[PDB]
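For chain A, the structure is supplied; the task is to place chain B on it using the hints.
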Amino acid sequence: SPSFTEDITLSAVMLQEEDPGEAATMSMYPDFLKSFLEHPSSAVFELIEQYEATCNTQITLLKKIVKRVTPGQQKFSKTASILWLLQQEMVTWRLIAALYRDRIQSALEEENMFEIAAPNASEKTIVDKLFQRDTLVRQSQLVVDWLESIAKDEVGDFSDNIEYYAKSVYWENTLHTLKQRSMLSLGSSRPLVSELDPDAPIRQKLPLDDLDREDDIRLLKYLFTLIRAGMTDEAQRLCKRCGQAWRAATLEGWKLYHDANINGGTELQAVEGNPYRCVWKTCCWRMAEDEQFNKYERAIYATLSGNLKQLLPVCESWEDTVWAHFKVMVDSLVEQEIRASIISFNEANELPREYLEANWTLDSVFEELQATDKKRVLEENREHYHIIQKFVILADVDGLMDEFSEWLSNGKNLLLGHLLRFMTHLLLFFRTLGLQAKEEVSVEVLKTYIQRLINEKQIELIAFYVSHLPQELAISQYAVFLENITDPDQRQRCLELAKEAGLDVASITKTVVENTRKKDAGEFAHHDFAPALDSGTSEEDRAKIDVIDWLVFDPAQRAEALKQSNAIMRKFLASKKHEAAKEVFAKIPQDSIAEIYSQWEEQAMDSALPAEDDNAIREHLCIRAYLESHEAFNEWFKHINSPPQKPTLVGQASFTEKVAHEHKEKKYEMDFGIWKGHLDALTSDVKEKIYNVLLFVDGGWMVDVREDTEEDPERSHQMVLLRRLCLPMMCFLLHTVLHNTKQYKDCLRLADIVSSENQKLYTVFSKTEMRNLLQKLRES
Amino acid sequence: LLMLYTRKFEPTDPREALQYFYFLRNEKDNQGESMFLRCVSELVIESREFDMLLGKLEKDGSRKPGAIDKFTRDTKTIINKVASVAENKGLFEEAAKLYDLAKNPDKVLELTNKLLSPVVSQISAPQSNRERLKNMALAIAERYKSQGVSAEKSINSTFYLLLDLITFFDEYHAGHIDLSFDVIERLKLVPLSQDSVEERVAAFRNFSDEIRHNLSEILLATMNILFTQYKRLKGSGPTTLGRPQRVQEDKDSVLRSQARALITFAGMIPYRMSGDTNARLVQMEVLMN
Numbered sequence: 001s002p003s004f005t006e007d008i009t010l011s012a013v014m015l016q017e018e019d020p021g022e023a024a025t026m027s028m029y030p031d032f033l034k035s036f037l038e039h040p041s042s043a044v045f046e047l048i049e050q051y052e053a054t055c056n057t058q059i060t061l062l063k064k065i066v067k068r069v070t071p072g073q074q075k076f077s078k079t080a081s082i083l084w085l086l087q088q089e090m091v092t093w094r095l096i097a098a099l100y101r102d103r104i105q106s107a108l109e110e111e112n113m114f115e116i117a118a119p120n121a122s123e124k125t126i127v128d129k130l131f132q133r134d135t136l137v138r139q140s141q142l143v144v145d146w147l148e149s150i151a152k153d154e155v156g157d158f159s160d161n162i163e164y165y166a167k168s169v170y171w172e173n174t175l176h177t178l179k180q181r182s183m184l185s186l187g188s189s190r191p192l193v194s195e196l197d198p199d200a201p202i203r204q205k206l207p208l209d210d211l212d213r214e215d216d217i218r219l220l221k222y223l224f225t226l227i228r229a230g231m232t233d234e235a236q237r238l239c240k241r242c243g244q245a246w247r248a249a250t251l252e253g254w255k256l257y258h259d260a261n262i263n264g265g266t267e268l269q270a271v272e273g274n275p276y277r278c279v280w281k282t283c284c285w286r287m288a289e290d291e292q293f294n295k296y297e298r299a300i301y302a303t304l305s306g307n308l309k310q311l312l313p314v315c316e317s318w319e320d321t322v323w324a325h326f327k328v329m330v331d332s333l334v335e336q337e338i339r340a341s342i343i344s345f346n347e348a349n350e351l352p353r354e355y356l357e358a359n360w361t362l363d364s365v366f367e368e369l370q371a372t373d374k375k376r377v378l379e380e381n382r383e384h385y386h387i388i389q390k391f392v393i394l395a396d397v398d399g400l401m402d403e404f405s406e407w408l409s410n411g412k413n414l415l416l417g418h419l420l421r422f423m424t425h426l427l428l429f430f431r432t433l434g435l436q437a438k439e440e441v442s443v444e445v446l447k448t449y450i451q452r453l454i455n456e457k458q459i460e461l462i463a464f465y466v467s468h469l470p471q472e473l474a475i476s477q478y479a480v481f482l483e484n485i486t487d488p489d490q491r492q493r494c495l496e497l498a499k500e501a502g503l504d505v506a507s508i509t510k511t512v513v514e515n516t517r518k519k520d521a522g523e524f525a526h527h528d529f530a531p532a533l534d535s536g537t538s539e540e541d542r543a544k545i546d547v548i549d550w551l552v553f554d555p556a557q558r559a560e561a562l563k564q565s566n567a568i569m570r571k572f573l574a575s576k577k578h579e580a581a582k583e584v585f586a587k588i589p590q591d592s593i594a595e596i597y598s599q600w601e602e603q604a605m606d607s608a609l610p611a612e613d614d615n616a617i618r619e620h621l622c623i624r625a626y627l628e629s630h631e632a633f634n635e636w637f638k639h640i641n642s643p644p645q646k647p648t649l650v651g652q653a654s655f656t657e658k659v660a661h662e663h664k665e666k667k668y669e670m671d672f673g674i675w676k677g678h679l680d681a682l683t684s685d686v687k688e689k690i691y692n693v694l695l696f697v698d699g700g701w702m703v704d705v706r707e708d709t710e711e712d713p714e715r716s717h718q719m720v721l722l723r724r725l726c727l728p729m730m731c732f733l734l735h736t737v738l739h740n741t742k743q744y745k746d747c748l749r750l751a752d753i754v755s756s757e758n759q760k761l762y763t764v765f766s767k768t769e770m771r772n773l774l775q776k777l778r779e780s
Numbered sequence: 001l002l003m004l005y006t007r008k009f010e011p012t013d014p015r016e017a018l019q020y021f022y023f024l025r026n027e028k029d030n031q032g033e034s035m036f037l038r039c040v041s042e043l044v045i046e047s048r049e050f051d052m053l054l055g056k057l058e059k060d061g062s063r064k065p066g067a068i069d070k071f072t073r074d075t076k077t078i079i080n081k082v083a084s085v086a087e088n089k090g091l092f093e094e095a096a097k098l099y100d101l102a103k104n105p106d107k108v109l110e111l112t113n114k115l116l117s118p119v120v121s122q123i124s125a126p127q128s129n130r131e132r133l134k135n136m137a138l139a140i141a142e143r144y145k146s147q148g149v150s151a152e153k154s155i156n157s158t159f160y161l162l163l164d165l166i167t168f169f170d171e172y173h174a175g176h177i178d179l180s181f182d183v184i185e186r187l188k189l190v191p192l193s194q195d196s197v198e199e200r201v202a203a204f205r206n207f208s209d210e211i212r213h214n215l216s217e218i219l220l221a222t223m224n225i226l227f228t229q230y231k232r233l234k235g236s237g238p239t240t241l242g243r244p245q246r247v248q249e250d251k252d253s254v255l256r257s258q259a260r261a262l263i264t265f266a267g268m269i270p271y272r273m274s275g276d277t278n279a280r281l282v283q284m285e286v287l288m289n
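Protein sequence lines, in the order shown, are assigned to chains A and B.
Under my numbering, the first residue of the first sequence is numbered 1, with each subsequent residue one higher.
Under my numbering, the first residue of the second sequence is numbered 1, with each subsequent residue one higher.
FYI, nobody ran anything at the bench for these hints, they're computed from the structure.
Among these hints, one or two may not hold up.
[Unchecked claim] From chain B, some residues computed to sit far from chain A (all C-beta separations above 10 Å):
id, residue
1, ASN30
2, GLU217
3, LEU255
4, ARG256
5, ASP276
[To be verified] To spell it out: a stretch of chain B is covered by chain A in this simulated footprint if at least three of its residues, at any positions, have a beta carbon under 8 Å from a beta carbon of chain A; those stretches are:
id, segment
6, 6–14
7, 115–123
[Said to hold, decoys possible] Below, a list of computed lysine-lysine pairs in the PhoX-like style, where the Cα atoms sit at most 25 Å apart:
id, chain 1, residue 1, chain 2, residue 2
8, B, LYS70, B, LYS59
9, B, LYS59, B, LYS76
10, B, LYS81, B, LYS64
11, A, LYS576, B, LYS231
12, A, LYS295, A, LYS205
13, B, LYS231, A, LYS767
14, A, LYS767, B, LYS251
15, A, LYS767, B, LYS234
16, B, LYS234, A, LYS776
17, B, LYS114, B, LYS134
18, A, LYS638, A, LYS689
19, A, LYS75, B, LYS8
20, A, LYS563, A, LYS582
21, A, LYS78, B, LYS70
22, A, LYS327, A, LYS309
23, B, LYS103, B, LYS59
24, A, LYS745, A, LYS676
25, B, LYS59, B, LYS28
26, B, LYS56, B, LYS145
27, B, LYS231, A, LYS776
28, A, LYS689, A, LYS646
29, B, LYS59, B, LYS97
30, A, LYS499, A, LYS510
31, A, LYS518, A, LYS582
32, A, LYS776, B, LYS251
33, A, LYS412, A, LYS309
Where a beta carbon is used, it is the ideal one built from N, C-alpha and C, also for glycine.
In isolation and in its complexed conformation, chain A is listed as follows:
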């Protein structure tokens, strides 16, 4: 497959590094999401096979890395250990997938369990009945198939590998030495068998040669392993290699007997073995009670008997001990319903009473496993994968959630990104099974996992996984994400990915806005001049400036964007950052109000138009007017302060100097005319806008239809504050301008006209201020 070529080639292109595991870890997730694309969420099993296949390819990738590591470097010992944990999670995949597919089949078939009959035909009828009827033995069979599938995957081509282990001379050393004793002048002083019997020595007590017995022990490893795995084809292979056809015969004492040639010609349906097998296992049982065995024969036949004490010596692994638990209990059960189904209650076999009457359950599996006083099993028991998979068998949801709780209490360093993803798939298939775990633990795991995921960024990854959250949390986290998305290319890309995979970005942008509003706020004062010793830009100021971009990116957010922008314009001015206000005004389009009006028109619906959009229009316009009058007054002030030139006043001079004076006077004429025209135009425009902002809406300011304290009491407070602040000096500046333009008659009528309680404009002047205006009217 291309997957293996990619594994080796990227192992080459990746080994330069020292942490390839996480790189591959992230490389996995795009495949996750693509697969979610091609196949539905009811196909979780095929999802699991693709999981296992791809993660196996990555297994191979890490194998290639670790083997391409030179000797004397444990820098990739970590890589190998992670690769180990990878195989552990893989076998966890196998375990859960098979376990709960069996669970599903059971749930499908719940209503017809267990049977009854009497012997009427060949005992294979007994056998397949027994296999079909019970559940407990069924899942025991499946977990055994699991472990031994593991074993055979480990095995592979041991066939071709034994091509180079071979010797086919029976006890060759004893052969040659007895030959030379018979053959020479001098024999040997050394005792040996006269017999080739597999029991020739021990029956005769006679010695055998070390090379003989130890190549024996070597083949004992070979086939011992092969049958601890049950690799039976290779078993007869090795038998017929080394000429232990006797031993291969010994292998057959347990496999039962059948034939079905009740049909057709005399043809082979089954000829297999000797039906003396129940008693023959009893015989092996008593041979075990007799002991005196090599490790291999001891283990194999104590196994064929399920004899616990003589099976103790060889199995010491966690896998071996649970394996043996299942083997023993499956045997005891299976023989129990053998004797039950085959009609008999008399003596045909002998076993100890406790063996006969020991009860069997899946609880006993793990109770035995736990009670193992062997420290290898004890330390293996505390290993995470073991705990995980045994909870998989037990469905101990409370224990699992508590154990996850101590995991997260330890944090996320023990729960790497791939561990978090794996517990995530855990919960995923729980849910697709309609099984629900504990939700706060789930969200804790997922938030830590997404913390990982954002450490590895990649906008394409985030949205679906975030889509799994309580709404407030998901909003907050996509906010934290997209606020870093600041370059419009990947920005818009993130928006399309978000609208594809959930959690719309618009509500996100708003939420950023009100969270920003909640942290920080600006000054408010309706008394003259903002209090400060020194003033400048603040972090809060810049944050309020730069939260705006998230709203302004989306053309559809213009209404609320304008509303909050005008509010923050208010904060600008009340915090004495009119420069911030003008910069934001330059940032925002001048046609936004018209664009929003046209958009609300274009929907062919204007009835649901509340006061609010049109209000936003008024604020935008009122800020525009106030600021514009501000710089208009400043422009007139700077222009008047810039005279063209003073008249030439030099006395008696030369004729050329007189020509220069004439040129100076002509220049004075042009400059004075131009400057005075501009000055008077500016003066007229300034007073025009002064009236406009002084005679706007009955002489009101910042006024708006909805000042509801149910909506925002602080809005009304700010708005009345704004009027009480800006009105006084605006009127006084008008008085000064009119007085300078000798419009004292306008000062007297304008000074007497400053009471508009129609739109909150008659209670903004103060006692000292009204005294000051009294003296202004007095100067006029």
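Positioned in the frame of chain A, the structure of chain B alone reads:
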């Protein structure tokens, strides 16, 4: 090979790496500069340790010798180039200290202007980086005063001016309004009469663009104090806390002359400032008169 092997012990004690660099004297670039120069610059940047390398001033006096001084000559050029690369990387304080070692006050004073001008523009708060920069700048100034070290007299006078400005703002922020007042008229930038406006004009063209910016805040604090004075006097009548009315009226008349002169100058300045500053100028001065 060389640079990788240097990586083997970059954070080791300084002179050790120095002999490694010493082998690189023969090596350089025909396309620009020397690998020797670049590496010594980068590694001394990583080091931030100098008293052994270039040596150190006892306090500000003669430079005690450095380690490279034994095997190398003309190390002032290296000082300048290294601090140049430092400021290129924005390493302003340490580059300035290195030119303090170099005895080159020009860039030192320029950069301390760019350093103080922003921090001077904030309130006086204890334990502030404003105070840190103030402290290093005043150390520089005192050293040069004691040493008679003289830059271009324009910069020298502007810097002493600035120092007096910080004195002013410290008084303002502590609320010692009278002390700040005394400071400003001895700073003689107070146009009490209209005839001082063109003097302030003459003072302006002496200024660089940065202080031209900061004049706005200066005049802001100015009008703040002025308005406080006038309002306090107005609130003090002849039957409340003394301060007879005649003296208050005469002083307020003089102050109004000052304020109107202030606004005249603020309008007849030659370069554009903030319109917000202009409007606030006018509106506090109307409050004044």
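Status of the hints after comparison with the structure:
1. In this structure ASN30 (chain B) is separated from chain A by more than 10 Å, as the shortest Cβ-Cβ distance comes to about 32 Å.
2. With a least beta-carbon separation of about 7 Å from chain A, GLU217 (chain B) fails to lie farther than 10 Å from that chain, contradicting its non-interface assignment.
3. The Cβ of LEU255 (chain B) lies farther than 10 Å from every Cβ of chain A, with a closest approach of about 16 Å, so its non-interface assignment holds.
4. Listed as outside the interface, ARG256 (chain B) is consistent with that label: its C-beta sits roughly 13 Å from the nearest C-beta of chain A, beyond the 10 Å cut-off.
5. A beta-carbon of chain A comes within 10 Å of the beta-carbon of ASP276 (chain B); the shortest separation is about 4 Å.
6. Proximity of the segment 6–14 of chain B to chain A, defined as three or more residues with a beta carbon under 8 Å from a beta carbon of that chain, is not established by the 0 residues found.
7. Under a criterion of three residues with beta carbons nearer than 8 Å to beta carbons of chain A, the stated coverage of the segment 115–123 of chain B is upheld, 3 such residues being counted.
8. Between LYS70 (chain B) and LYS59 (chain B), the direct Cα distance comes to roughly 22 Å. Compliance with the 25 Å bound is thereby established for this hinted pair.
9. Distance restraint check for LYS59 (chain B) and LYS76 (chain B): the Cα-Cα separation of roughly 18 Å lies within the 25 Å cut-off, and the hinted pair is therefore satisfied.
10. For the proposed pair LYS81 (chain B) and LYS64 (chain B), the alpha carbon gap of about 20 Å is at most 25 Å, so the pair holds.
11. Proximity of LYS576 (chain A) to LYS231 (chain B) is assessed by CA-CA distance (about 21 Å); at most 25 Å being required, the pair is judged to hold.
12. Distance hint between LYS295 (chain A) and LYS205 (chain A) is fulfilled; the C-alpha atoms sit about 18 Å from each other, no more than 25 Å.
13. Annotation: proposed proximity of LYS231 (chain B) to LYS767 (chain A) holds, straight-line Cα distance about 14 Å (limit 25 Å).
14. The suggested pairing of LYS767 (chain A) with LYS251 (chain B) holds, with an alpha-carbon distance near 24 Å, which does not exceed 25 Å.
15. For the hint pairing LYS767 (chain A) with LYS234 (chain B), the CA-to-CA distance comes to about 14 Å; that is within 25 Å, so the pair holds.
16. Using a Cα cut-off of 25 Å, the hinted pair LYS234 (chain B) and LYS776 (chain A) holds, with the two alpha carbons roughly 17 Å apart.
17. Our distance criterion of 25 Å between C-alpha atoms is met by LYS114 (chain B) and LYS134 (chain B), whose separation comes to about 12 Å.
18. A hinted pair counts as satisfied when its Cα atoms are at most 25 Å apart, and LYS638 (chain A) with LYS689 (chain A) qualifies at roughly 17 Å.
19. As the CA atoms of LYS75 (chain A) and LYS8 (chain B) are separated by approximately 18 Å, the hinted pair is consistent with the 25 Å bound.
20. Under the criterion of a C-alpha separation no larger than 25 Å, the hint pairing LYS563 (chain A) with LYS582 (chain A) is consistent with the structure, at around 16 Å.
21. Between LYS78 (chain A) and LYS70 (chain B) the CA atoms are separated by roughly 48 Å; this puts the pair beyond 25 Å, and the hint is violated.
22. Distance hint between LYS327 (chain A) and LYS309 (chain A) is fulfilled; the C-alpha atoms sit about 14 Å from each other, no more than 25 Å.
23. Under the criterion of a C-alpha separation no larger than 25 Å, the hint pairing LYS103 (chain B) with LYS59 (chain B) is consistent with the structure, at around 13 Å.
24. Simply put, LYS745 (chain A) and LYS676 (chain A) have alpha-carbon atoms about 23 Å apart, close enough for the 25 Å limit, and the pair holds.
25. A distance of roughly 36 Å separates the Cα atoms of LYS59 (chain B) and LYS28 (chain B); the hinted pair therefore is violated under the 25 Å criterion.
26. For the hint pairing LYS56 (chain B) with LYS145 (chain B), the CA-to-CA distance comes to about 20 Å; that is within 25 Å, so the pair holds.
27. Of the pairs offered as hints, the one joining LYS231 (chain B) and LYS776 (chain A) holds, with about 18 Å between alpha carbons and a cut-off of 25 Å not exceeded.
28. Restraint check: the Cα-Cα separation between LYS689 (chain A) and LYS646 (chain A) comes to about 31 Å, which exceeds 25 Å; the hinted pair is violated.
29. Only pairs whose Cα atoms come within 25 Å are accepted, and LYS59 (chain B) paired with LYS97 (chain B) is accepted, the gap being roughly 12 Å.
30. With a CA separation close to 16 Å, the supplied pair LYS499 (chain A) and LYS510 (chain A) stays within the 25 Å bound.
31. Only pairs whose Cα atoms come within 25 Å are accepted, and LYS518 (chain A) paired with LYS582 (chain A) is accepted, the gap being roughly 24 Å.
32. With a CA separation close to 21 Å, the supplied pair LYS776 (chain A) and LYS251 (chain B) stays within the 25 Å bound.
33. Of the pairs offered as hints, the one joining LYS412 (chain A) and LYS309 (chain A) is violated, with about 42 Å between alpha carbons and a cut-off of 25 Å exceeded.
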